Amino acid sequence: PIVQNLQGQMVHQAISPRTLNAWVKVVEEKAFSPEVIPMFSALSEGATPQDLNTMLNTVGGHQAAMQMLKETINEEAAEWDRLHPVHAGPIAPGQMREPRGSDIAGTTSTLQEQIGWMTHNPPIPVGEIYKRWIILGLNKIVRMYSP
Amino acid sequence: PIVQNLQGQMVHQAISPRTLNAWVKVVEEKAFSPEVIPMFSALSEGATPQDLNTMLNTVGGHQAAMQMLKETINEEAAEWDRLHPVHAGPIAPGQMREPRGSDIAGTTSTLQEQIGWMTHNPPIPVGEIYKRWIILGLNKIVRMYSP
Amino acid sequence: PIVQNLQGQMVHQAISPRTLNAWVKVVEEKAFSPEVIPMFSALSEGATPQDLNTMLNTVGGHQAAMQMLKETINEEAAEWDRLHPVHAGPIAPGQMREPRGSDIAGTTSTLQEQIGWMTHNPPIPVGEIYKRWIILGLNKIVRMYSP
Amino acid sequence: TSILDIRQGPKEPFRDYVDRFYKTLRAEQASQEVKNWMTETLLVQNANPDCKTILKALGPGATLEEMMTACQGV
Amino acid sequence: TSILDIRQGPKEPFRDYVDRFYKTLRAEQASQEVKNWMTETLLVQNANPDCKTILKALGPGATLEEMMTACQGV
Amino acid sequence: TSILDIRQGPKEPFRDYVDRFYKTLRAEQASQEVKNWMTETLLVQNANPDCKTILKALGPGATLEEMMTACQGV
Numbered sequence: 001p002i003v004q005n006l007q008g009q010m011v012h013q014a015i016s017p018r019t020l021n022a023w024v025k026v027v028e029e030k031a032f033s034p035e036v037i038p039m040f041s042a043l044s045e046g047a048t049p050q051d052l053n054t055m056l057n058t059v060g061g062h063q064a065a066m067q068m069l070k071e072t073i074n075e076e077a078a079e080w081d082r083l084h085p086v087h088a089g090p091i092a093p094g095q096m097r098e099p100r101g102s103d104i105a106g107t108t109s110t111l112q113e114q115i116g117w118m119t120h121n122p123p124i125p126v127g128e129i130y131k132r133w134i135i136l137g138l139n140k141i142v143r144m145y146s147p
Numbered sequence: 001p002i003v004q005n006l007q008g009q010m011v012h013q014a015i016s017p018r019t020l021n022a023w024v025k026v027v028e029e030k031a032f033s034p035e036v037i038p039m040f041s042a043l044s045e046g047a048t049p050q051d052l053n054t055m056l057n058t059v060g061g062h063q064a065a066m067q068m069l070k071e072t073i074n075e076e077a078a079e080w081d082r083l084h085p086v087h088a089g090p091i092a093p094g095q096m097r098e099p100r101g102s103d104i105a106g107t108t109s110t111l112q113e114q115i116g117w118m119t120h121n122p123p124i125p126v127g128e129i130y131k132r133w134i135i136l137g138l139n140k141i142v143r144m145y146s147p
Numbered sequence: 001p002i003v004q005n006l007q008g009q010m011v012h013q014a015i016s017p018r019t020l021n022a023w024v025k026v027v028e029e030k031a032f033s034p035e036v037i038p039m040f041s042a043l044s045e046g047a048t049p050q051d052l053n054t055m056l057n058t059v060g061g062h063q064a065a066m067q068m069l070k071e072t073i074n075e076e077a078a079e080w081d082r083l084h085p086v087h088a089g090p091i092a093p094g095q096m097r098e099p100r101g102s103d104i105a106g107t108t109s110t111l112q113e114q115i116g117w118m119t120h121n122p123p124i125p126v127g128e129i130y131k132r133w134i135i136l137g138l139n140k141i142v143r144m145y146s147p
Numbered sequence: 148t149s150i151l152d153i154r155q156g157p158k159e160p161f162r163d164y165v166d167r168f169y170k171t172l173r174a175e176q177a178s179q180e181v182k183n184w185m186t187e188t189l190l191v192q193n194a195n196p197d198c199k200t201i202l203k204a205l206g207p208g209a210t211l212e213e214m215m216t217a218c219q220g221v
Numbered sequence: 148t149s150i151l152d153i154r155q156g157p158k159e160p161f162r163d164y165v166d167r168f169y170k171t172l173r174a175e176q177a178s179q180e181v182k183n184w185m186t187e188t189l190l191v192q193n194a195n196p197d198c199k200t201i202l203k204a205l206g207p208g209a210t211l212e213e214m215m216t217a218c219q220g221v
Numbered sequence: 148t149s150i151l152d153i154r155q156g157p158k159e160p161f162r163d164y165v166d167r168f169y170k171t172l173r174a175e176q177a178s179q180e181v182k183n184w185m186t187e188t189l190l191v192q193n194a195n196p197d198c199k200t201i202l203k204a205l206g207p208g209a210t211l212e213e214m215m216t217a218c219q220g221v
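Residue numbers (PDB author numbering), protein chains in the order written: chain b, 1 to 147; chain a, 1 to 147; chain f, 1 to 147; chain B, 148 to 221; chain A, 148 to 221; chain F, 148 to 221.
Please note: incorrect hints may appear among the correct ones.
Result set (SDA-like, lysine to any residue): computed pairs, CA atoms no more than 20 Å apart in a straight line [said to hold, decoys possible]:
id : chain 1 : residue 1 : chain 2 : residue 2
1  : b       : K25       : a       : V26
2  : a       : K25       : b       : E28
3  : f       : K30       : F       : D166
4  : F       : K158      : F       : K203
5  : b       : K30       : b       : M55
6  : f       : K25       : a       : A77
Now the in silico label distances, taken between C-beta atoms and shown as ranges [to be verified]:
id : chain 1 : residue 1 : chain 2 : residue 2 : range
7  : a       : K25       : B       : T210      : 28 to 34 Å
8  : a       : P123      : F       : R173      : 20 to 26 Å
9  : F       : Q179      : A       : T188      : 44 to 50 Å
Keep in mind that the hints were calculated from the coordinates and are not lab data. Cβ atoms here follow ideal geometry from the backbone N, Cα and C, with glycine treated the same way.
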């Protein structure tokens, strides 16, 4: 995640193993139950896309759901690209590039790039955009997996 | 929560997973028992409204009680708005806005706004107002759930 | 509790959840056994009255004993008020008020007031006065609960 | 399971039924106004005859602690 | 369960009953004076005949360690 | 249980008895001088005849390792 250091700057720090394991354990115990979404939300505080793929990729089991989510993440990403067209002409030397759906999904962007966008002024909340897609896709799952 | 840093200022820091899990475990084990209220009170030390909705939203089970509480929180909030009318004329550029019942419930306010009110001079104790509503609503529950 | 900060001043810091839980677990496991008293004493190091009511109020079970203790705490408090009369005339602007049995029990005093008395020069050990009442009342219990 | 399929048994305490209701209501995502409509309507409708009778005597304006204490002996 | 419904069994130790009493008393929120009235009154009244007999012999002014040691063999 | 009620069985090792003694002595709160008096007195007095006999042969001035090794075969 990207956290604020004592000095008063935003720097990246790694997520903790008993945080990781707590994510694992939630999924083990409460599967598709709604409490998973606030839980997720708390444990995703200050998290990167990269950390969010890590959390999704580290799941075991419920592979039908994991595929449905993936496909929702790509749909929501396809929709990001649709709604926000690429911008006019070449990229400025003085500036950094606008993200695509796949940069938001973490796929085409690097960590330093993910830190550029979030730490820069104005900052862009690429975590929160992926977060809604995850929560939206979580609703899809919850609604389906209701019996 | 909003905690004091080493430098001598009040800054926000996230709540810990084994704190979260301790909240979960209390509820699992002691359900509606009275010891839940001091316990709550200790674990809510320096907590935000936002953190208090997180704690309430992360409950599983006892949904009749969770609904009774919600409805108590809104009643107590409706009562906040009644007792404290909005103030005269437009909001000053030099000042920040007075809270409503829904800002106290965390709903209409943002975190930075919740930090403005609490850290500012004079500070306003929007946690402690929600805390009484929670404790009051906890009494309602305890009294009902006595057999 | 009130602890010394790195800067070299006495400031209040909250007690820890696995400290809280360790207090709970002791009581669960060893009930009225004598080892509870040194144990208590260690975990009450630098503790406030407020924290001591928190610890007593968070007990579950053994309610006959909890009531006997309460009633011992009030007796010992009644005795504090008896032995130490209130002082002559009005309270000075330059000074802070002398405690009563109920301020020692934490009841009539606020935290900032509890920090005033302990941090001020000379300091007054209102923790240690309540501590003896707790230990005395612990002897009463231990002696009764011997079979 | 659908919210319409939530019903009170002939021997089931209301209490255990109300818990089931706000759990299933907890998995409904509809507007609050619709969920208010569901609350006043469906809960009583699928309640058993003995309690149903009881709840009709509370009239309208009733709140959950009073409903829950009202159907306790049933 | 109501405080009036708290009573001592015919074979139940007083001790286990007194624990039940201050647990239920712990869920009563009444003025202290009323709760004092409940203490001296209801506790003895719903105590079993064998201990009840014992407690009548302690007279008034009695405290909990002396009541609790008084009804121990019963 | 009272300290006077602590006694050694006819088949009970002294050792298991001495443990019981300083546990109960651990719940006595009396002056040290009185507790010294209890140590030299009550321990031997409620000790069983076979070990009691043994302990009489150690004489006075004896310490706990020597008492504890003295009554080991008994």
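Which earlier hints can't be squared with this structure? Those not satisfied are hints 6, 8.
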